[PDB]
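Could you put the whole structure together from the sequences, leaning on the hints where they help?
Read off the chains here:
Protein chains: 2
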Amino acid sequence: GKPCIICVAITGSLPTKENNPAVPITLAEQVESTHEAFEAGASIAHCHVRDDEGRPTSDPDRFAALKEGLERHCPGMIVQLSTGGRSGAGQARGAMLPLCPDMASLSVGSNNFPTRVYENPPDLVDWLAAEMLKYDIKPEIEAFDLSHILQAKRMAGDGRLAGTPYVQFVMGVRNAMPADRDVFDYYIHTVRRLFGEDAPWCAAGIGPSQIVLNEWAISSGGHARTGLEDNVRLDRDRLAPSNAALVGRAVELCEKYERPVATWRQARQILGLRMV
Amino acid sequence: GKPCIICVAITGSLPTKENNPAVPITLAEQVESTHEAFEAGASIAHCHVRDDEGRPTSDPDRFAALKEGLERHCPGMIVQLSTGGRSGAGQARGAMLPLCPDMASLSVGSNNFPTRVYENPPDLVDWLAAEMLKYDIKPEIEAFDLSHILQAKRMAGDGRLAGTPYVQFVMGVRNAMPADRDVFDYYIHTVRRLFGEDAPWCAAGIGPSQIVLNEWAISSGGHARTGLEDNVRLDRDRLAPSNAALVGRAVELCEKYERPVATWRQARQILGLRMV
Ligand SMILES: [Cl-]
Ligand SMILES: [Cl-]
Ligand SMILES: [Mg+2]
Ligand SMILES: [Mg+2]
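Chain order of the listed sequences is B and A.
According to the entry's author numbering, the first sequence is numbered sequentially starting from 6.
According to the entry's author numbering, the second sequence is numbered sequentially starting from 6.
Please keep in mind that the hints were generated in silico from the structure rather than gathered at the bench.
Treat the hints with caution; some may be incorrect.
No copy is singled out in the list; a pair is fine if it fits within one copy or between any two copies.
With a cut-off of at most 25 Å between alpha-carbon atoms, the simulated SDA-like pairs for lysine to any residue come out as follows [unchecked claim]:
id	residue 1	residue 2
1	261	237
2	158	120
3	158	186
4	22	60
5	7	275
6	261	45
7	158	69
8	139	26
9	158	187
10	22	247
11	139	239
12	158	263
13	158	177
14	261	138
15	158	118
16	158	184
17	261	56
18	158	124
19	139	120
20	158	193
21	158	191
See the structure below:
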């Protein structure tokens, strides 16, 4: 019964109010939605921002405003900023890093996506990692394929990533890795042999796989991610009313597998973050 | 005692005479070099072509000229044409497919490469797969990562790929998949579970991993790829004097593992190809 960190990916770059009005687009919406999720048991907020038309942006002032709002209203919660390539190109994707958030997301490989290639050129990957060292930001590696995990290990090896990489297995992405239990256990095998038996890791499923990946991760000793960024539904026929509702579904799974939900303090201890 | 097919990748896109003067660039060189490798025991020729200045190109007329040369000088040999993204962009990479070769290489996912993203967008992948059905070309799926194998399965399921996908494990590419034994064995577990205990597969290592992946493949029931496309050295100390010398090393490993080098007819049989 080891503590389980729940991350909430609140907004992403694709979901719109038409997909689900619960999707927080504005700053006010985002702070409220995260506050509910924080209370529901999320300890990390994975953050995207949108512009005034509601479109994905990497604008650093918008990130600063959300970071500040979450530190005000969700004090203690771990703030994770997105270097996602759906929201900008090249070094623009790291323009928010000097804000010194606790964590940032990092892709270390490329892969196909539903309608396109997800491009993460090696030079960019290196630059984002070095910026993260520069600002003592703890990365979360969004592993879309197995080699991505091996590359995190290499980068640890040669000092491009600090300490023990924290990898997220991302499954259920059309054209990338489906939600496959065999591959999932192999990912767990890989993280443990390369990083050590107690290296923390987590996983996220897109759409209907979200709840599945929650159960796989929670039942196996991993940490979980959920939220509207990845999936807007409770089941096939029902929209999720809030990010907090999705977090609750993960907490239920923690109860089922007899694992306590990690407090923000515990999450910080486990991931080697500043006490804050 | 199970036959092992040896594939020789003769030229590729990047090697030059400065890397190794044995690298065949002109039509006449590629014919001689390939004949040599054919006599040493290779039964598939994986072909790229180069322009008058020695630069990569997808020119279908150059391909037409080489295919004819190999069909005349190496009758029986399986001709495999490259749809590689270093020699062309978009549908240009499939402009040689109407020549109706036995085989063409096919990437069904994207991944990073030593200096850049190796882009294979889903629509292009499907377009090329479709052209392969249309000209009754057998694909060899060049799998740079785990999900590429799982996509090949999904493509067989819905009819995009015909028959049983013939997958090549590509390892030792910087920024993609290292030559890792654990992973290699999981790749075998994976082909077997998804495609059948007796579905054929092959493996290719780049640079020093070439001979390594030859041993792993041959000792494991697989088929072997070699050639100056992937590696120009015999060892630390010496350049390979020919494509044939690299095939020769594979042939020695089959002896080591008491497996007979497949004849060209056996290769055609194993891979479901047409008769000559
Ligand atoms: Cl490259
Ligand atoms: Cl196309
Ligand atoms: Mg994100
Ligand atoms: Mg090639």
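Check your understanding: What are the numbers of the hints that this structure violates, sorted from low to high?
Key -> 7, 8, 11, 12, 14 and 17
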